[PDB]
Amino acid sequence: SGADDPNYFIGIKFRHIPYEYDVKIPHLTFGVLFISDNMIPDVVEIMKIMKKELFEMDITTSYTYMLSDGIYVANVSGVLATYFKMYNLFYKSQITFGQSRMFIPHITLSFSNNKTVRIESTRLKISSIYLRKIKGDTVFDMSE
């Protein structure tokens, strides 16, 4: 029953984001995972298998919203084919991915309450994709 809460996330950084933000490193939280420490290489292998598709994603954004009290975020659109493919790859290797109940991919903008904004659908340009410990450090990064 239930699941181990995630201890890592896959992040995606962009050349530019089209919103005011207060966080120091704005990024898409693409997915969350629980990884046993002996399983880091397995996760890295899967990210490398998926590298070209990840970098090819047609990622857009168009609105912001309060995820919860004091967490203001932007949406993304266009990542779900890859998201669910990755869910499947991690599952086949018995790695717990996407086990958070309320998790939906998002770009956190500010840890404060903000009014919603809407802009024209705006294409984001991926600069880096990385694996980072939640409340910890990055352990793997790729570009191109």
Given for the second form:
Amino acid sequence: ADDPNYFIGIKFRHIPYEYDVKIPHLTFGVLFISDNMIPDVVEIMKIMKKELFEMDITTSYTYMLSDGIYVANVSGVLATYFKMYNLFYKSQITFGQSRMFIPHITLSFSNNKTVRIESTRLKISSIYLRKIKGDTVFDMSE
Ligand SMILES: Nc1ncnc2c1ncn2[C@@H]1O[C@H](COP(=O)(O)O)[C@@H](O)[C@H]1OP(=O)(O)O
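In place of the form solved without adenosine-2'-5'-diphosphate, the structure of the form deposited with adenosine-2'-5'-diphosphate bound is requested.
Following is the full complex, with the preceding chain placed first.
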């Protein structure tokens, strides 16, 4: 569906930028799932963990994703994204949207223009599964 109720998200110890947003995270997939499907989604989340923490994430610049969306790019994440995409799909879990996935960290919800830095590596602090406009049901730390 394109009305997801849950999403997987990633949180980093520090951001090499400045942000208005109350919570800085990397969205890593959105889901349309029923609570009786919470365990299965957790297992895959458990299964992907090693690669998720062996992932080399980096930022080089910031940009406007869309009108009034100011974000920072992230790279090194797409392969493990599609790997997990396959795992969800094969368990018949609705994961994905019609629109293509772009990995980003939302920095602000206002119009600002690009900043740059040397390639810098993001260190994951947490990976979680959370309901949309809702509580976090599951958390994983390294
Ligand atoms: N590929 C994309 N292209 C344009 N906008 C996107 C894209 N992916 C996400 N967004 C929008 O940027 C916002 C960043 O939110 P997040 O904290 O989850 O990263 C999303 O709410 C989304 O707003 P929208 O769904 O209205 O298009």
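Residues that one form lacks are left out of the comparison. Numbering follows the first chain given and starts at 1. Between two forms, the rigid core is defined as the largest C-alpha subset superposing within 1.5 Å.
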Lining up the core, where do at least three residues in a row all have CA moves of 2 Å or more between these two forms? 3-5
